[PDB]
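**Student:** Listed below are the residues making up each chain.
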Amino acid sequence: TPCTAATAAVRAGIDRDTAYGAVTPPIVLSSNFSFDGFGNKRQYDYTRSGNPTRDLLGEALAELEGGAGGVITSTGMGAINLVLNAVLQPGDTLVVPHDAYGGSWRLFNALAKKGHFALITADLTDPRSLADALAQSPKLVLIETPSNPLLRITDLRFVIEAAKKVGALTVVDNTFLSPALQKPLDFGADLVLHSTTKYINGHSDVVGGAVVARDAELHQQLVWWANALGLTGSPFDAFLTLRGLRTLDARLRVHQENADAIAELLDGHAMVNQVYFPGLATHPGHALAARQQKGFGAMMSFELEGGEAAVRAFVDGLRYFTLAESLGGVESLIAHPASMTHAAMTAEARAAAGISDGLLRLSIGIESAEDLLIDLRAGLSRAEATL
Amino acid sequence: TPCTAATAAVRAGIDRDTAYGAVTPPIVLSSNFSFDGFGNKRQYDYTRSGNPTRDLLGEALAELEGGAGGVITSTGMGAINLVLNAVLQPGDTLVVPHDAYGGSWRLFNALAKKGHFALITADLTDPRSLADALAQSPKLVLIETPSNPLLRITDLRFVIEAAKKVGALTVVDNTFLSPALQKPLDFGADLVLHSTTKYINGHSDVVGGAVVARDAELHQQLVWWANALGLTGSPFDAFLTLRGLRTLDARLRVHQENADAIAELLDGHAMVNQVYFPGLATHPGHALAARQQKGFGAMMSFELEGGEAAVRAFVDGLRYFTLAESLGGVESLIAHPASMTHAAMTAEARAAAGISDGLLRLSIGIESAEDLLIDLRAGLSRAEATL
Amino acid sequence: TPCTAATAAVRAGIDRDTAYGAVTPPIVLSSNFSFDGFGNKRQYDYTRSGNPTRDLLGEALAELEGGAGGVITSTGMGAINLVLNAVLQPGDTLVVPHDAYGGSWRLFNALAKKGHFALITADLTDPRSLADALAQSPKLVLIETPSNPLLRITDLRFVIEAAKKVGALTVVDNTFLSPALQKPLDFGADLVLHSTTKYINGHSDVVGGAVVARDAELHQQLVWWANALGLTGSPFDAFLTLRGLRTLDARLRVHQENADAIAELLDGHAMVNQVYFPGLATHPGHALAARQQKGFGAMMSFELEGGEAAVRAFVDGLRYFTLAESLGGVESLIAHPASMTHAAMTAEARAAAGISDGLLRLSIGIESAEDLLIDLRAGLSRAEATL
Amino acid sequence: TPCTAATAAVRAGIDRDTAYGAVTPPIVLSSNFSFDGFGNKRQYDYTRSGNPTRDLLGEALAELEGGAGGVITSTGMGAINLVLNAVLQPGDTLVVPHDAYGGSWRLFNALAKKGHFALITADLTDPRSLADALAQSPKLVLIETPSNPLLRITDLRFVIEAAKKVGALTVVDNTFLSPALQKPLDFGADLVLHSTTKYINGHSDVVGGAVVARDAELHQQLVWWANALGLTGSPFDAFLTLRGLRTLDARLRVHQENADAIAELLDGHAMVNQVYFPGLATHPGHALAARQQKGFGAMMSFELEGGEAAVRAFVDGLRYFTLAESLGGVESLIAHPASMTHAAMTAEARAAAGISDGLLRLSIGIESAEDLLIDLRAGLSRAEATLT
Ligand SMILES: Cc1ncc(COP(=O)(O)O)c(/C=N/[C@@H](CCSC[C@H](N)C(=O)O)C(=O)O)c1O
Ligand SMILES: Cc1ncc(COP(=O)(O)O)c(/C=N/[C@@H](CCSC[C@H](N)C(=O)O)C(=O)O)c1O
Ligand SMILES: Cc1ncc(COP(=O)(O)O)c(/C=N/[C@@H](CCSC[C@H](N)C(=O)O)C(=O)O)c1O
Ligand SMILES: Cc1ncc(COP(=O)(O)O)c(/C=N/[C@@H](CCSC[C@H](N)C(=O)O)C(=O)O)c1O
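Protein chains in written order, with the UniProt record's numbering: chain E, 9 to 395; chain V, 9 to 395; chain H, 9 to 395; chain A, 9 to 396.
Calculated directly from the structure, the hints in this document are not laboratory data.
One should not assume that every hint holds.
[As the list claims (entries may be wrong)] Here are the simulated DSS-like cross-link-like pairs (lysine-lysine), alpha carbons at most 27 Å apart as the crow flies:
| no. | chain 1 | residue 1 | chain 2 | residue 2 |
| --- | --- | --- | --- | --- |
| 1 | E | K147 | A | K122 |
| 2 | E | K121 | A | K147 |
| 3 | E | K122 | A | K121 |
| 4 | H | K121 | V | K121 |
Go ahead and model the full structure; you've got the sequences and the hints to work with.
**Tutor:** So, in structure tokens, the structure goes:
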């Protein structure tokens with residue numbers, strides 16, 4: 009037996025201190041490391057390049073994703089930035105999803121306008137749209153599945169093998185499910201990346217990113233570029249993230265129980281026009297999600313009856329969903345993407361993503377199921393009183 | 009509606025930052041707080057007396073335990089110390105259990121030798137022993153249930169009512185189960201205390217204590233003595249401890265799933281002489297534990313067949329159980345009470361308690377059941393190979 | 009040759025990490041440490057008993073003070089508390105100074121009322137008072153020099169030799185000057201203790217304490233009691249405190265430059281009635297301070313002309329002196345001891361000490377002399393404009 | 009009056025907590041902040057974009073440098089990365105110094121090979137080399153003065169006014185002196201940047217960067233680009249960095265006293281061929297440094313008599329100088345740039361910078377001067393023993 013995912017996350021850095029046998033791993037804040045006398049670099053020399061505390065988190069995310077190594081960055085956007093710098097140069101074309109996170113769109117459109125690469129935004133749920141993009145010989149394809157905030161599911165085996173036939177690398181943003189629930193590298197992706205800010209840290213008190221490469225040579229290109237660009241993260245942040253990771257399995261058990269229950273409430277409720285949640289049998293992509301994921305996760309969005317006034321009445325009064333950005337915390341959250349998470353997009357790119365001005369997104373926490381439903385039901389009455 | 013205990017713990021100090029609306033509470037390390045002009049103390053003035061980060065943890069443990077307030081100490085022994093100093097003076101008698109934590113035994117016995125109080129050490133699970141202790145008019149009775157490390161169960165309602173009949177205060181050490189699995193104040197106790205070092209924190213990276221009093225007058229007295237003796241904990245530690253608390257309900261589900269599966273493997277295994285786990289119907293205290301606890305927890309101890317050779321072969325080779333003191337963490341631990349946790353006791357006090365030299369204690373973490381069971385089976389073999 | 013005090017403090021735990029050669033020492037938060045197989049304790053086992061980050065700070069304060077070792081407590085009051093429990097039992101007598109810190113007065117008086125020891129409160133600067141206290145065969149004499157807040161100076165060599173003649177142990181509270189400015193163990197004292205909250209830390213972001221013993225056997229006793237009472241500090245706090253120590257010598261140069269410039273402005277200013285600063289030749293204790301101290305420090309207090317209205321006009325408007333408790337930070341502070349630092353005292357104990365109701369105490373930080381002097385001059389006019 | 013530099017750094021974030029009046033500022037680790045009800049962003053929304061604890065450090069460095077605002081990044085190299093991204097695009101030319109930090113060189117050469125900008129590497133101490141480079145109409149000139157590790161001084165008024173005449177922006181890497189000792193924005197620079205890893209933090213336990221812009225609009229472009237690229241720093245690092253900043257003045261007083269003493273020992277010692285230290289009267293740029301800086305700093309390098317054997321003997325046995333990378337700490341350090349800090353450069357870029365294979369670089373700490381000199385003298389004995 010190698011261990012399971014859960015054991016590996018729990019034991020990450022446990023009993024791995026050669027100095028004192030501390031059970032919990034020491035925080036190495038040091039910027040620098042001594043040489044072992046003249047000409048003799050130790051394993052570490054300088055934290056920007058390499059840090060033992062940061063590398064425990066890289067090693068654990070690599071073990072969980074099945075890759076050769078991991079690079080930990082100061083932010084999620086910083087992981088995406090790392091991949092774009094290590095892989096693309098001018099004259100290269102990048103294919104991105106139409107409904108990627110608004111911050112990814114912002115970065116892709118900014119760097120493309122400078123000429124750092126050419127940009128094709130496509131619908132990867134959609135074989136025609138994918139084949140028109142792959143006919144242009146892209147260096148790189150990015151997949152974000154399930155997608156933020158409409159939970160569109162893209163067929164990892166389909167898109168990754170279509171892109172291999174034309175010689176493109178693949179990178180998957182696996183933020184929304186974590187490595188506990190989806191392993192894109194199992195499907196042949198070259199790279200998997202995360203905002204550790206979300207479920208991997210789980211406590212809404214670190215911003216971070218990670219990139220795991222399947223192949224040892226691409227891992228070393230990422231290490232080199234991270235060091236050179238100074239995109240690497242703080243050892244203290246890596247300490248809190250590794251601490252968070254140890255409860256990832258236990259947290260997701262509750263996130264998913266709570267989300268199955270809230271999906272049941274919102275599906276078919278009189279005051280709800282549409283629910284987007286991969287666990288619903290009627291959601292386009294349900295069968296795909298069931299085969300490529302080990303769970304349906306705990307992100308969902310939904311559209312209320314009754315326009316702006318219903319949205320305002322629903323949101324103002326929530327006791328247990330904080331109105332705020334981010335997701336993946338132990339604490340439940342709610343967001344209005346048009347005006348918050350996806351406000352960096354133009355009204356046109358939103359229209360093309362199918363993100364309406366009335367869409368609410370839930371990040372379902374690990375509070376008691378009974379309390380989240382009392383809160384959501386009172387919300388739905390407040391919105392009904394509006395008609 | 010009030011929220012459940014689990015909701016309260018997940019959301020303690022969420023969106024309670026008047027400065028910026030931070031979702032996660034800011035860490036207030038400051039030793040000191042400005043006055044609001046001459047004569048105008050704010051809410052806080054000095055961190056030894058009171059600090060807001062520490063008070064979030066205080067207010068959270070008091071909500072969970074049903075008390076008027078909570079005091080956070082540098083350590084668990086510190087929380088016991090605070091209670092002895094606030095409640096007892098020379099000529100007062102204290103009744104303690106015979107099978108309490110060895111460190112509790114060391115402190116009671118050192119402060120009794122100096123004459124801070126008179127000490128009676130009784131078996132609180134046996135009525136004759138209890139009645140003889142209560143007939144000597146004690147100021148304070150301490151209960152520790154379940155007991156470390158034999159998991160003896162003492163009848164909270166019985167002992168507390170019996171102690172009120174003679175004017176004694178009662179304090180319960182509730183470390184082994186946390187507030188999520190046992191609420192002694194519900195049964196009339198005046199004081200409950202914890203080593204927060206264990207389940208409450210959950211990440212083996214903070215030593216700390218807490219005392220919660222039912223009554224506001226007794227809470228104001230503990231606040232005064234904690235400030236005067238200098239027993240209060242660090243704000244950074246409260247911060248990590250509070251972060252720990254948010255996953256307590258989530259952690260204990262997996263803890264209890266794993267402990268049930270491990271009790272079943274150990275009980276009537278040929279190499280296992282006795283299992284002490286209150287979840288087994290054959291354990292003296294099982295039905296009392298099913299009544300006064302929400303669950304049977306994840307601490308257990310066992311005797312192997314085959315003397316000291318068998319213990320050694322069992323322990324050397326464990327991959328997933330670290331040989332170490334402490335308990336209540338996400339990572340699985342094993343200890344040998346006689347030489348480790350209860351080394352502070354004399355050989356006669358261990359014999360009176362029923363702690364043999366062949367006893368092993370397990371703290372069962374939240375790794376996969378299957379990896380822990382493979383690890384224990386390999387150990388039982390190595391013990392068998394010794395005969 | 010050995011290095012100086014300053015070199016030792018700057019380099020405490022620099023290049024002393026066997027794991028990675030980290031230049032700065034790693035933070036060991038871990039509550040627990042693995043055994044090296046069955047029966048083999050490593051150097052550390054449990055953080056309440058010993059922790060390597062806390063021991064760098066202990067070992068550093070013991071080098072600076074000339075001691076056999078040091079113990080780091082959660083607070084300064086906790087270090088006094090540790091010494092009272094390690095050294096005293098009922099029937100023993102303790103001699104304390106009349107103008108000790110009000111928090112010391114609160115603890116001595118509360119533990120004396122319970123009868124943990126008998127208390128003699130003497131004026132240690134006056135030989136009759138000292139002789140009458142030493143004629144009563146005390147187990148322990150506590151000296152606080154200079155005294156908070158009137159900067160009375162007690163003759164370390166005289167009092168210590170007098171206490172040895174009658175078999176008493178001596179403990180000195182060396183908080184106001186730190187080890188960089190006064191070394192009581194050089195004059196034969198048994199114990200020196202500190203509030204690390206002040207100059208040692210220097211950044212007003214840690215409450216902590218330290219006790220250093222001259223003799224190895226008394227150090228082993230303080231280690232034992234600190235573990236058994238649970239009085240030990242947080243490793244995170246020891247890390248910030250060690251980081252503070254590194255600039256102690258550099259900080260005190262500027263503190264003393266600023267204090268000299270400010271004592272000169274206040275002494276025979278028309279609005280100032282008395283200055284208490286041991287650096288002035290007119291201060292009872294100046295020549296003793298010049299002999300037993302490397303410098304006059306940066307604490308001072310003063311009485312304004314014009315009663316309560318003048319104090320209020322002086323305090324309300326200060327830009328660079330914050331109205332707060334504590335002292336010894338980089339930032340300048342002002343306090344009113346009667347209502348703030350020494351409110352724990354009765355009005356009668358304050359009168360016996362010579363703490364009037366019109367007294368102000370300054371902690372002078374490391375801001376520019378010119379910005380502090382402009383700030384004080386403006387206060388002196390506001391106080392003038394009151395008459 | 010407004011306050012001095014020392015007062016500003018000491019009082020940064022002091023008594024600035026509206027929640028409890030904490031004297032020392034709270035650490036806001038929170039990734040997110042609540043909205044004030046539907047449609048109502050508060051001052052902060054998301055730490056990657058902006059965080060109050062990080063903003064105290066940005067504000068304080070902006071006050072110290074005289075600029076409109078500051079952006080704090082996860083590293084020093086990340087600050088340089090932020091500037092190249094916010095200011096340059098393909099077809100733009102960037103002028104850099106020949107003797108810049110080998111990490112800067114690595115990044116300039118890597119991004120120039122991809123085509124992100126055209127690169128001109130010039131000697132900015134040398135007026136013909138500067139004027140050949142400004143004839144090429146560059147978007148941006150970077151100055152690193154004093155330079156790492158030969159302490160070459162570049163004339164801020166000269167180079168910045170030459171670059172304004174041809175329409176180029178100026179950015180100055182001011183790591184080596186800190187804002188306490190050189191204010192490039194006083195000389196007209198558009199941008200100053202720092203590795204806060206060095207003197208600003210001072211305690212070797214944070215990697216960090218900062219960029220301060222003179223102009224509000226360029227600060228707003230930096231905030232935007234830092235958010236979009238995800239270059240922003242951790243709030244906990246910004247907390248430790250602000251804590252170190254509070255002792256910057258007091259640390260530099262001892263750094264400079266110790267460096268004057270060590271310069272005096274090495275200058276004209278029989279075992280020392282060359283010392284590079286701006287505070288020596290015989291160092292090229294001494295009068296320029298005396299004028300454009302408020303002190304000569306505590307960085308120096310030097311070349312020993314006696315080849316590789318002398319270097320190996322000097323270094324092995326130092327009790328108080330740790331052999332390691334970085335600088336600006338309270339703890340004294342020694343580095344061999346060819347094989348450590350400048351190993352990222354090619355042997356030709358080093359030869360062009362004048363960084364020989366025998367150069368040792370001292371970062372002088374705040375230990376007792378008497379101890380640092382006992383250590384250096386024993387080292388010079390050890391290298392002497394190597395001839396005979
Ligand atoms: C699939 C995916 N990949 C990557 C990322 C980036 O990870 P980070 O860098 O944040 O750690 C995210 C983040 N998502 C957050 C972002 C909040 S909006 C940002 C802010 N106002 C801004 O203007 O930017 C969310 O949707 O709630 C992400 O959902
Ligand atoms: C029921 C109870 N109440 C209180 C406490 C005290 O709480 P803390 O102070 O540790 O946070 C504990 C601790 N128990 C731990 C620690 C053993 S450490 C031995 C050490 N070498 C020493 O000499 O002490 C255990 O059995 O593993 C406790 O089980
Ligand atoms: C010479 C000495 N020894 C010991 C100590 C104790 O050290 P700490 O425990 O604080 O670290 C001090 C502290 N002195 C501070 C604290 C005043 S706090 C009043 C507070 N509300 C309370 O009720 O206490 C001062 O005068 O400013 C001390 O001057
Ligand atoms: C003037 C200047 N600007 C910027 C920076 C960059 O700042 P940081 O990102 O490190 O904070 C520096 C750094 N200087 C360090 C770097 C050590 S080498 C690093 C490593 N092995 C690698 O391969 O990179 C030094 O010379 O000792 C710098 O001197």
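**Student:** Taken at face value, is the distance from the CA of A/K121 to the CA of E/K122 at most 27 Å?
**Tutor:** holds, 16 Å
**Student:** Does the structure keep H/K121 and V/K121 at a Cα separation of 27 Å or less?
**Tutor:** holds, 20 Å
**Student:** Does A/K122 sit within 27 Å of E/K147, going by the straight-line distance between their CA atoms?
**Tutor:** holds, 15 Å
**Student:** With a cut-off of 27 Å on the C-alpha distance, tell me whether E/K121 and A/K147 pass.
**Tutor:** holds, 18 Å
Violated hints are absent here; each numbered hint is respected by the structure.
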